[PDB]
Structures are given as C-alpha cells and as structure tokens.
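This document opens with one chain alone, in structure tokens, the form deposited without di(piperidin-1-yl)methanone.
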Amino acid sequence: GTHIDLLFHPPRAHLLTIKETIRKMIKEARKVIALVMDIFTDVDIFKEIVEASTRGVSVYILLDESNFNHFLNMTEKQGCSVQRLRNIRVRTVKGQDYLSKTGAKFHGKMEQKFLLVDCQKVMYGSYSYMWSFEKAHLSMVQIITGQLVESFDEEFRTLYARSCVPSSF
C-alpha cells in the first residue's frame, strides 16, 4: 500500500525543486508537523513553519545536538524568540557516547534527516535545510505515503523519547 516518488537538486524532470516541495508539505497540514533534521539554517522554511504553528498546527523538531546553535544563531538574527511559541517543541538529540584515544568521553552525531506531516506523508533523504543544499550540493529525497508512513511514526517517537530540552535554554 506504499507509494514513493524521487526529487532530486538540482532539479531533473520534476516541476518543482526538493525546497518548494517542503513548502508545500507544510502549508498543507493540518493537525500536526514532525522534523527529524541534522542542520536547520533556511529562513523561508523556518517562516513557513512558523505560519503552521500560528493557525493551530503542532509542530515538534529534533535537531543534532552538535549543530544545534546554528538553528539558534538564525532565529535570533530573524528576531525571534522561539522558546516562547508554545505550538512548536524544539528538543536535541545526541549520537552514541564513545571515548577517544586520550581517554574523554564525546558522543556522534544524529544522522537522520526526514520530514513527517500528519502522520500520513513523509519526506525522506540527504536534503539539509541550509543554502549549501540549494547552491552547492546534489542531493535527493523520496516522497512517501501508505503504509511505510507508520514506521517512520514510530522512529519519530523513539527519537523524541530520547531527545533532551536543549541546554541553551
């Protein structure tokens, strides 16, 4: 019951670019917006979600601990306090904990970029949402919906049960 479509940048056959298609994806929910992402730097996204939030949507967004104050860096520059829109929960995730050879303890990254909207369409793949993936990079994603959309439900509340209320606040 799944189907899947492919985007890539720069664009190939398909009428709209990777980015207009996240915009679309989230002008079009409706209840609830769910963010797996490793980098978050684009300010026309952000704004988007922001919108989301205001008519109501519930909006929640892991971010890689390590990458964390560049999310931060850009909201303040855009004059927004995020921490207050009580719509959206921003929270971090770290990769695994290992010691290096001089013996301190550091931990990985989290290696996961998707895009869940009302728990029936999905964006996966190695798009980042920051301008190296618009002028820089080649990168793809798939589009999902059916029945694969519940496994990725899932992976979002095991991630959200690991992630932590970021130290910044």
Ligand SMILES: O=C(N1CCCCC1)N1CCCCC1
Given for the second form:
2 protein chains.
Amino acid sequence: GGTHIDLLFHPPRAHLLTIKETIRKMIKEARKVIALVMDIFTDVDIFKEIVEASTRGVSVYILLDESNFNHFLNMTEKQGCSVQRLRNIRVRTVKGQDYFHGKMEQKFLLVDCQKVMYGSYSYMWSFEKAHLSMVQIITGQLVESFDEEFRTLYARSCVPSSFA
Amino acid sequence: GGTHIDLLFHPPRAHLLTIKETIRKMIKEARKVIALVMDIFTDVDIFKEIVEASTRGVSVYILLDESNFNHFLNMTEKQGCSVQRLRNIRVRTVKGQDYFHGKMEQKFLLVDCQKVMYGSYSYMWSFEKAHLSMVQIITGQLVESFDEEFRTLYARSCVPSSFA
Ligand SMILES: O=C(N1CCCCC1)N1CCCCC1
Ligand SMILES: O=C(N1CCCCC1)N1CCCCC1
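I would like to compare: after the form deposited without di(piperidin-1-yl)methanone, may I see the structure of the form deposited with di(piperidin-1-yl)methanone bound?
Everything in the complex follows now, all chains and molecules, and the chain you saw is the first one.
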C-alpha cells in the first residue's frame, strides 16, 4: 500500500475541475466522515455542501483558527444556519502562542479516511476569484498521517466562546 | 522511480529538527540550485543561509508575493545586503487578480531538483515562535512537478518596481 498524489492549481492547469469544484465533489461524495482543518471559512457554497453532507448522516468535524473564527460565525449567521443546532457537525477552534495572535496555519480536508486535499487554498471567495493557489489530492498510506494529525489538533482545540 | 514524503510539524512531533532547522539544513546542503516560492520573507537567519549559498556558487531564484514584497526589501535593507548586487540571486514578484490585493498563496522550497519542502511555514519570525504549521519533505518523482510549477510561476513573474 503506497501513496498517490495529484496536483491541482488555481487557476487550473491540465485538469478539468477547479479546486473549488473538487472540494465540493469531495464533500458531495462523502459517506462517513469529513474532517476539515481551515484557517478562514467564509465560502457559502462550500458551507452549504458540508451542511448537506451532515443531513445525509456524514459526521463533520471542523477545526478553525481561533483568531478568524468570527468570520465563520458571521457567515453561518448570514446564512441562517447555526452550526450548534446541526447535530452531525462539531466545530472547535485551535490557536498558536500569542505575543499579535498566534495562529493555526494548517489546512486540509480529509474525507472518509480515504482522500485528503492538502494545500494553500482557503475557503473564501478570494481564493476562487483573486488568489493563485495549489493543492495535492492524496490517497493511500499518507492519508493515515493526516488522520493522526487531525486527531492531534482536535485534542488541542477548544469550544468556541460563543457556544453554550 | 516513486515519491517519498515525510511530514514535519511546528511544534515538532516525532522528528529531531524543527522546520526552521530543516530549511537551514536544506539550504546549507544545496550544491547547484535553490528555487524558492514564498508569500512573506522576513526571516533573517534563513536569508543569511541563502546569501551564503549564493556565495558558494549556488544559483538562487526567489519568487515572492508582490503585495508583501516590501517586507523582504525592508529586511534586506536592514541587513545591509542588497539582493540586486548579489549576482547568483534573482528575485521576481508574482501576483494574483486584484479586486484588495490578489496574491500568490503558494510556497515551497526546491533544492537541486532533488528535494522539496512544501507546506504552511512562511519565512517569518512568527512561524518560529507563534504559529502552528506543517510541511512535507518530498523526494523523487513528484519533485519534477514542483520544478515545472516553479517554471510556470517564474514565467508569470515581474521585476520588482524597485529594481533598475
Ligand atoms: O472520527 C474521527 N476521525 C479523525 C480522523 C479522520 C476522520 C475520523 N474523529 C475526529 C475527532 C476525534 C475522534 C473522532
Ligand atoms: O534552473 C531553473 N530551475 C527551475 C526548476 C527548479 C530548479 C531549476 N530555472 C528557474 C528559472 C527559469 C529557468 C532556470
């Protein structure tokens, strides 16, 4: 059992789907579990796909950088889609050492312990329209290391202050 | 000819060197060529290592995000180490589509067409002291795809306004 990696770019280069389309496809095809680590999450289309997955019964765990968490909350509020009342979604925050906010500068999407998207694409409109980015689509043995890193992060994460 | 990937974390997890130490080691061991793509470059220790490599005769190509380029310039000025007068170093800028600055949100270090460090670690004091990050150390076939992506970026890069 080896590892397979494909690269995708924004803008696209020698592949048929954009990175956003690929994210949405990965989430749409999720059967069991989605584990997301993200620095900034404001993209409504991606959020919708994740909400939809959770309503099909997929367990969703999301870890967000604490210092940008309010941006995700604002988006969920605008959408009328409180994450606290969605029973298959858990959202927790992760921070670094303050000195200026210390941040979780890691992001990746893991689906079904089978496929990881790892790269520089953040879930914001600006990554669809403005920024250059790249990711890897990873399958096989290395996915297990992303599973373990997700668990490690999850263990260092907090309940967001807002949730009661 | 396959690909080998090791993961490193900051803070470290089950490896002896920090990511910064590993960056410095990679640069120290460079024999022929360093190709760096970086969003923000203010770390003086890393800069020093790169300057030193160039004085040994290693060709250095650096692509920086245009919107943060002034931070690198400021650092090189503070250090009294003008990059324009170092003959083995070329520095060019890359930007995305403006709307607010469109940015090159990609970073990686490629050394000798042999080893790539790819991940979320930016060359700034805050990644040594404050932020959580991770990278991959990549060798083997996938390095070739980073070579091609570097060339693609280089082809879309500009001479920084300051250089004349
Ligand atoms: O089931 C999981 N997974 C983590 C690894 C990838 C997906 C499966 N979790 C994460 C949160 C703590 C325990 C449950
Ligand atoms: O020699 C290179 N390299 C790029 C790929 C990795 C290292 C070698 N360059 C890059 C800039 C344009 C042509 C020369």
